[PDB]
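The form solved without its partner chain is given below as one chain in structure tokens.
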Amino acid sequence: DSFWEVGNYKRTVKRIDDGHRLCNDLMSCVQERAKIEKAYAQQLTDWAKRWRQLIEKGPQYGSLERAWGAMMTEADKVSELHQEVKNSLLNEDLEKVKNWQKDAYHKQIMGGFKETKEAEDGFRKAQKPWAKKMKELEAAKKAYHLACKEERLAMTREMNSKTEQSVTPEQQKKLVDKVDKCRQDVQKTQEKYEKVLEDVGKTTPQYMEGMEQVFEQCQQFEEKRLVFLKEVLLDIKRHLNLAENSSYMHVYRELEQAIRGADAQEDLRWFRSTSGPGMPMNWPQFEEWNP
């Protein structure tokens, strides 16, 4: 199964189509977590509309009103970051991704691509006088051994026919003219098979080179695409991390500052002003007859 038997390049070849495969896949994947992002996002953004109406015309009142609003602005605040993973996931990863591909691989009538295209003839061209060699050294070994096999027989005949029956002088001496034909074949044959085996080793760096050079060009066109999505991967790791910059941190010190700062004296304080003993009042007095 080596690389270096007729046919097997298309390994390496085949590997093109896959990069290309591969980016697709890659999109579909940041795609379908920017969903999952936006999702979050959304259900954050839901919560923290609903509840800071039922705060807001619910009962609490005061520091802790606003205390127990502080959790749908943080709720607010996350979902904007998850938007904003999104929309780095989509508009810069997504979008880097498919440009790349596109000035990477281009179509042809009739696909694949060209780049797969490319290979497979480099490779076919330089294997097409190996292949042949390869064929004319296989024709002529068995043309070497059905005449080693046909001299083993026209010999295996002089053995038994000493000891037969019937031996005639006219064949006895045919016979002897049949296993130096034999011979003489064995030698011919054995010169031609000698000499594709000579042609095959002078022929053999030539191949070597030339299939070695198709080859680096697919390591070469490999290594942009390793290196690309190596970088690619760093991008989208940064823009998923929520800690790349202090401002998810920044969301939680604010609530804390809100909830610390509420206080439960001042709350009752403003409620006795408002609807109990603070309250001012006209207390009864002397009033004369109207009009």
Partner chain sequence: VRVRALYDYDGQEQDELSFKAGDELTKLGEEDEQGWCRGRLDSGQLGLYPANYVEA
Contents of the next structure:
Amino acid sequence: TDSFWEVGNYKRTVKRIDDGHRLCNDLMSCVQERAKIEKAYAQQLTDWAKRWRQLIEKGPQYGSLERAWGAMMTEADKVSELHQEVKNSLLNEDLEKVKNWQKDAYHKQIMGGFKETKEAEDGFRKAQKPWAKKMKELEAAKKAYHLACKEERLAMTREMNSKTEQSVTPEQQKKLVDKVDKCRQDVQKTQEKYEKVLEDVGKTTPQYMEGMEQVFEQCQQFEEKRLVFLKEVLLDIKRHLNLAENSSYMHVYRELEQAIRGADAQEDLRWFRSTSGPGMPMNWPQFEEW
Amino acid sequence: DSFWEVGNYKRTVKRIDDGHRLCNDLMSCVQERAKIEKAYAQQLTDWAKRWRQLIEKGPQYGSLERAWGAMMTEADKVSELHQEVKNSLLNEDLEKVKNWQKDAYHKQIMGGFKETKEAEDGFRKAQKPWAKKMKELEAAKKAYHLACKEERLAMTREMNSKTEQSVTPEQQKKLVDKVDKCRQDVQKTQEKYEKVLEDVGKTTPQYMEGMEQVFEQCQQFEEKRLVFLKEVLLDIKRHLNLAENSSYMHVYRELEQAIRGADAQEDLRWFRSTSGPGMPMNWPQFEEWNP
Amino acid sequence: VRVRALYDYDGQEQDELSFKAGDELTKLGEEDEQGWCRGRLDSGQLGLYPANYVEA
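Requested next: the structure of the form deposited with its partner chain bound (the form solved without its partner chain having been shown above).
Below, the chain from earlier opens the complete complex, with every other chain and molecule after it.
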């Protein structure tokens, strides 16, 4: 069946070691693609900010409303910075951290594979060998034992519906019941052999179970180390993705509301009156000769 | 130069047209920002889709798979929020300017806006009298200045051939009568010039009073706009601000819970049970011969 | 383009190639939507493999 205890089925466990390395590559690339995404948003915000400052300042909008409107470009510049930081953390801290763990947990052979995958193969293989050899022995003896049963059986049937018929000549057929007899002794011999192997298997089962467990437990401890470390890395990442971990993000919009609240219509109005309105100076008529 | 100079009200008028243009620039600005927010949301959605799949069919299992997969849900939620920012920007903020623009500025078949034209007419009228009176003041100044110039020549004439031979007594007395008539010219046209001057000074208040009213109406209009602008800027800031949006806080509360719930021992027990020495097994036993 | 196997991979289909960690293949094309590539071992088994089982 698929039981772990059947010869060969330990490979699922060996395989989990190779899978762990791959999962590290997958995670690394995954965060890597997320940093591109964050970088792209920042840059677009940065361009808008640059674009609309130029477009606004170049007249005609004047006064504290230009100032209030332009405070928005600043918020685009500041949130842009925060998202660049998310990128810098993802790449310089989290990715490198996985990267270094990897190179220390998994060492590579010139052939191809990993030291660590190979080390669990050899442990499992070594622990199963006595067992496997006994299992080939058992199946053969069972075959041999059953082969005899079937035969001696034929010799049996080939007797009742046999002798009672024609040639029950003694000078011939007494040596016939001696075929059935010969089978008797044959089933016995093979039966005893089969039971012997079966007894061998019994007494070496504890050792088989002990040895396979020691290796399994080494594998679980290797995986636990991977799981504990990954958990800590996900946490590192969540912190970095979260612009609300601290309150710089909240200050951006507080700053923004203040700038808008500061702007006054009347000031913009009074200023126009002096530079373009009645407040402007004038040289009223007066007497003029040479 | 000065606004009081006949004609120089044309910059208060222009200001009305500028207001219109501004509304448009505001809508363009907020539209482009909307697009920026939608692009980002769009990329987070596809990253979530892509990695959810690779993960779920991949070889990771148990609660570490769940924790990692919960990162795809933060991406999806953060995406949903930037779509609301975008929808708010266009469907509320943008629209509101548009509607306001519609009721404030009305086109005319004669070309331009009704509002601009009314300012121009109001000034022109409030300036009509004063324009008429500066023309007269000008004309008068002219007469008087030609009057003095002619007197100068009249003298450079009289006593210019005097004791000189080419000129006689009967003829000298006419040159004196000449300069004598210029003297009167100068005086009568000086008095007129002086007169107009007085009326101009006496009516300058009425001119100012009148020009002020039209300007005050233009100021009032310009104000309505600035006020509405300040209003629309606070609207936009609200819609942009995820820092104190409760759903934004929830996404990362949820993410941290999912991660902190990953339990290595539970994953180990499960694997031991379904793939290792914990699995059932049928150990060999004596097997009798069938059929 | 050349490709080097990182992990052992068992064929779960007739069009799904099999190899050992360390063995080297030739990429016949680019990935698809799922992560699968068309490849070829030496004289000369042809089949699909997963791209994340390989490096440079």
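Residue numbers count along the first chain shown, from 1. The term rigid core refers to the most C-alpha atoms you can superpose between the two forms while keeping them within 1.5 Å.
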Listed options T168, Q108, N99, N91; Cα moving by 2 angstroms or more between these two forms (core superposition): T168
